[PDB]
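First comes one chain, alone, set out as structure tokens in the form solved without ligand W0M.
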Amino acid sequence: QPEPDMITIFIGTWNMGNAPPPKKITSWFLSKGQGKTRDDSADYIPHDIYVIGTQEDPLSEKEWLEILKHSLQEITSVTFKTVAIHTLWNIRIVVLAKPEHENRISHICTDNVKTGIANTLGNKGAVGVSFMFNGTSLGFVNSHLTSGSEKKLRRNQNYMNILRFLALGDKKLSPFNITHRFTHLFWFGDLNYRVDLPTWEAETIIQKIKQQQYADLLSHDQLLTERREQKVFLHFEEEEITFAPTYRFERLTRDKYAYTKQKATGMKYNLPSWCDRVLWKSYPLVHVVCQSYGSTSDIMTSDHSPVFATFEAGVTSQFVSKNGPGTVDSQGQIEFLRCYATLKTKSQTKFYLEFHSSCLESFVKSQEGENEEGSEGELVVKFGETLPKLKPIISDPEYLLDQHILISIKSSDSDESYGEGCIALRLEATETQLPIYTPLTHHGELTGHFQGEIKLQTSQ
């Protein structure tokens, strides 16, 4: 039975509003309702992995697991295996996979981050799960960020705290946060970003939604605007939104948005908003295609509607050769020519590079680069032709061209990372000097760039 080169992944996010679900929620797992929906002809085809994020979840883990498993069994006639479940307060993540994947999944990690301080510590934060699927690392983050139309900056801060402190994936990747640890990272939840229009425009917004005219609302969506200004979710993707705002509804219908200020809302307006979102970030040149992104129409227990997204994701096999794993394959090498880092820093320490990849036996430290002054005030760290020759464990191009090199640029003085990025080995040619590039981030903010040339030697 051959190893897959593609899997499909279901991502669900639902703020349950502290209410039990209705008896039928199959529409969610079938990607049926509004937006980019799944074709009817696929309804019996199981996804490989289902990742369910809930917020304001009033159920026990046992209660929700029974509903989820019985839901998927009704749809697919398959009894899914539980990979992981993790709850922080009323924020929960469940990972279910087809039984045939049980011996393809390993290195399961779970963690949570609590956001805020004092007042603002106690119900917001994130849960996450990571694991290996054969040769491919997968990470999943469900976050419930700070609420309220006037707190977009707090939401951005919550995002930076979650990506700094959530401890998932390979702990040997010590310079790298979750935004660099996974082949594919999915980040979803009640992100709580709002449509930033005046309160007086509530009925106008409702009108627009009834006409399915979302353009003038999406142009004021705080997540889209904050992402365009590079304030949050830098280098993440989101599918185009073609479904109605998923918040705030009157319960037990979808006919009414409940936006007016009430004691129960702290006297805050809740204009219709896309609170409930799915974003992703995959390593460069890895296949990832969003095949659905929408909301259900028929699950009305909460003041939020469930959101679904599905993806085709490229995966690789657990490669064995005669040589690696457990030695190098001298027929393979990675060389770097004419490389330089450009850093936004005001500092003047010397810098060196670290190269991390599962195609290496362990990470590789470079020599210090040569600091020059850039013509516009920047720091340019020149490596020229000084970078070490990297020795992969396997030389077969079917393996090596699918790999990635993570780069950290570190201060000689403190050994702290000033920037992290990633280079694909999916090159146009081998034995050929070719341009490489990655932006560099630190705590998920832009700190610079790394560029130069690469020359990859494989066994072919």
Given for the second form:
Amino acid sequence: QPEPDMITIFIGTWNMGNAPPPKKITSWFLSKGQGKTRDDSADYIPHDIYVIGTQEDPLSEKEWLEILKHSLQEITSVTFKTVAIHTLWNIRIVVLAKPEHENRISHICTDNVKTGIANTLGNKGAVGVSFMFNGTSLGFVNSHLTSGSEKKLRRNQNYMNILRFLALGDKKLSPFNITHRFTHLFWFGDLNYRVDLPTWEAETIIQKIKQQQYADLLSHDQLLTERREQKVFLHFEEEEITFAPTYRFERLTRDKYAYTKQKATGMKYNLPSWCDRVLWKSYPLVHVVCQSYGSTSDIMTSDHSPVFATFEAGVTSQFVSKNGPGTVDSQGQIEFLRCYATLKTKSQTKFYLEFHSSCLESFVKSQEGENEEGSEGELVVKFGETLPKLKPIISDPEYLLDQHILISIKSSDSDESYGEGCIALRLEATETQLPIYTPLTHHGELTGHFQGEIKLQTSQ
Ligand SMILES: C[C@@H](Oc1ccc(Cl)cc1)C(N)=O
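Would you mind giving the form solved in complex with ligand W0M, to go alongside the form solved without ligand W0M above?
Whole complex next, starting from this chain.
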């Protein structure tokens, strides 16, 4: 039975509005309703992994697992295995997988972050799950961010706190936050970004939604505009939105948006908004294709409609050779030529690099680079031809070209990372000097760039 080189992943996010679900929610898992929907001809074909994020979830873990498993079994006739379930307050993540994947899945981690201080600590934050699927690391974040049209900055702060403090994935990757720990990272939830138009335009917005004319609404979506200004979700992807705003509905119909200020809303307007979102970030040159992104039309217990997104995701096998794992393969080497980091920092310490990769026995520390002044004020750290030769565990090009090198640039004085990035080994050529490039982030904000050349030697 061969190991897969692709899997499909279902991502669901639903703010349940503290109400039990209706008896049938199969449309969610089938990617049926509005937007980019799944072909009818696929309905019996199970996804390999289903990741369900809920917010304002009133159910016990047991109650929700019984509804989810029984839903998937009715669709697929497959009894899914529970990989992980983690709840913070009313924020919940469930990971279900096909039984054939039980012995492909390992290194399961769960964590949560509570966002805010005093007043603002008590119901918002994130849950997450990570695991290995054969040679591929997968991370999943369900966040319920701060509500309110006038709190986009708070939401951006919630995002930074979650990506700094959520403890998922390989703890040996110590310089790296969750935005670098995974081959594929899916971040979804009630992100709570609103359509930023005047309150007096509510009925005009509703009109536009009834005509399925979303362009003038999406141009004011705070998540799209904040992302375009690099304020949040830097280096994440989102599929084009082609479904109506998923909030705020009158319960038990989808015919009415309930936007007017009420005591129950803290006297706040809730203009129709795309609160409920799925974004991802995969390592460079790994296959990931969104095959659905939409909302259900027939699940109306909440003031939110469920959102679905499905993905094809490239996966690799758990590679064994004569040599590695357990030793190096002298027929393999990674060389870095003419490398330099450009940092936005105003500081003057020496810097060194750390190279982290599952293709190495352990991370590699470089010598300190040479600081120069850039023409436009910047710090340029020159490594030249000084970077150490990396000794992969396996030289087979079928393995090595599928790998990635995480780079941290660290202060010699503090050993603190100033920037993290990632280089794909999926090169156009081996035994050939080729340009490489990564942006550098810290706490998920741009801090610089790393560029140079790579020369990859494999056994072929
Ligand atoms: C790894 C962990 O649990 C799993 C693994 C795979 C699946 Cl599909 C479900 C649960 C264990 N052996 O306890």
